[PDB]
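First comes one chain, alone, set out as structure tokens in the form deposited in one PDB entry.
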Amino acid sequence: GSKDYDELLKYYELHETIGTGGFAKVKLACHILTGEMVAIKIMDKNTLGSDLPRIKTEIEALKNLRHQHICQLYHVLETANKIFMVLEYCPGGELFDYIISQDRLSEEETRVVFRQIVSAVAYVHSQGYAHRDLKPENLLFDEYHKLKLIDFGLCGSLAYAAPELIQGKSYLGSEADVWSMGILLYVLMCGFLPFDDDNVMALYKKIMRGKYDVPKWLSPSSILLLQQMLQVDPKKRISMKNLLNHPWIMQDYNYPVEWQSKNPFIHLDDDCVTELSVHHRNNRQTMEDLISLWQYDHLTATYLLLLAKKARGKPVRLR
């Protein structure tokens, strides 16, 4: 109802719907106080049904994941019938779009993108999580052409799922993510899937078999990294630690993947704390302690959006 939007519309101006993926809608919106554009995931609690616990799973995970290549959660607002998630806006489109418009990426272009994927996923695993749904549709570009991983509903698409997922057997989520990243690496450099079939049963068999075509344009180093990631035996898959400084990964770079987060939880920006304090009528030390609770209310949304507004070189001012 209109009651479900009262608190929301005190903080954001709604623009057009930019996507109806899954069972939720995502709208473009503008944070009134800072002017920064955000994405708002709208969910109807009476409609989510049994997919509703997975929404709590994604929120709890997003509250615990803060990293330059993970879509940032700014604000969680729950009403009587709606759950609102205010997220980092990614106008650059999906990695799916980038691949399909450049029928395939070169090895150099692939390394630029893949190193960001390895960065996000390695950080996810360092926090005790596994994504379990890695796919080009879940990686978006911002306005700086930097990748952002989205959709933590599981902590999946069949062509990216590891064979042990297909059989329904037990599995470690981290090893399942490495397989999907191997499928990602193949798609990035070939433009098509390594295992594909119009019939699901035939795709089941092709995945579990593990054999795939190796196009002629793949470098020898690309091939061996692929077979190091696309191992049917999950215990023979390359680990994440070995991926961070893998020879292929480091070609043209000569430094391992910077997987650790730079967006902190501890340190606060004094310019942002100052601008916030002179806008809520309370002393600065109280404003500093309130921000540090990280409730993902309007306060933390305003802080991190003002933080991002500052990084863009815009004046660190409110409204």
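Take the two forms, find the largest set of C-alpha atoms that superpose within 1.5 Å, and that set is the rigid core. Numbering follows the first chain given and starts at 1. Compared with the form deposited in another entry:
- When both forms sit on the same rigid core, the CA shifts between the two forms reach 2 angstroms or more only at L290 out of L290, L33, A61, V257.
- Core-superposed comparison between the two forms: the Cα of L268 travels 2 Å or more.
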Given for the second form:
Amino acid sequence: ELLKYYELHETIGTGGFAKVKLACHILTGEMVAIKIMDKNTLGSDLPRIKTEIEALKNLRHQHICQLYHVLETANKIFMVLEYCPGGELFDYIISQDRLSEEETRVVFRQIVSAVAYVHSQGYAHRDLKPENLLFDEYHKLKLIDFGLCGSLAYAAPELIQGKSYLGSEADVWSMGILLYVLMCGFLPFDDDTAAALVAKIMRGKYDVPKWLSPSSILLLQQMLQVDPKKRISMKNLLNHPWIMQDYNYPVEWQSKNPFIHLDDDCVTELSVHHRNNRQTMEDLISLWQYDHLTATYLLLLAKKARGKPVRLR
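The structure above corresponds to the form deposited in one PDB entry; please give the structure of the form deposited in another entry next.
Shown below: the chain alone.
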């Protein structure tokens, strides 16, 4: 209803919180994903989502899944998001059992990039797990659900015991757990009772498979220090020996597509369409409301990047 700015297609994952519906932006012809939140189901965590959405308006990175449009009806919230055909990182591992060191490295370098960018913008994800890591058609990673139950396995020990934590030192712990599951295909700390799970995280002791290389084991033990003072810093991680073991350059965390100025061709096409001049069109865009204009601009930008003509129907 009312979001007939879009033709609706397939359903690609329902949660008891938010469902995702596939869609097509009428004007641009561009494929999109729609996260459908129900305000009734949220309730005591609506500002949780509003703050999540407000962070997501200020993040423009190649490994962050792009927000196009927010739409809030009487009872529903619609997030219009970058289309990620490739699927989830979680489902990518379970199908390969585990990834090669060389492939984990390729993927890991992308997580580091997305996460470093986020930090530089003065945010921490505070939930890095393979269920938040989507793949595009070019098999590049995109980061989702910035939100902050079964994230207890990926939780930092100082986060567990309600101590004073830094959001980056936590993000580093999470990336250690993720690095483990990438190479092994199972969790380093895992238990049926959640108290014994909490015990193993504090103990800091974990299994090491025979297939793990020494540099791997060594990076893992740098990353899964219980004491946050002892954990590897984000700064030291970008140019780490292991990280640079195949592609001998540090992580390119800097946004490769910054929001700088508005694109000329997009502004001219929106001016002809919305039947007003360049300046009145530019002012209207620069307001960045995450309405249909923001979606049309950002999706015309997408169309331009593909080498398709910068035109609405």
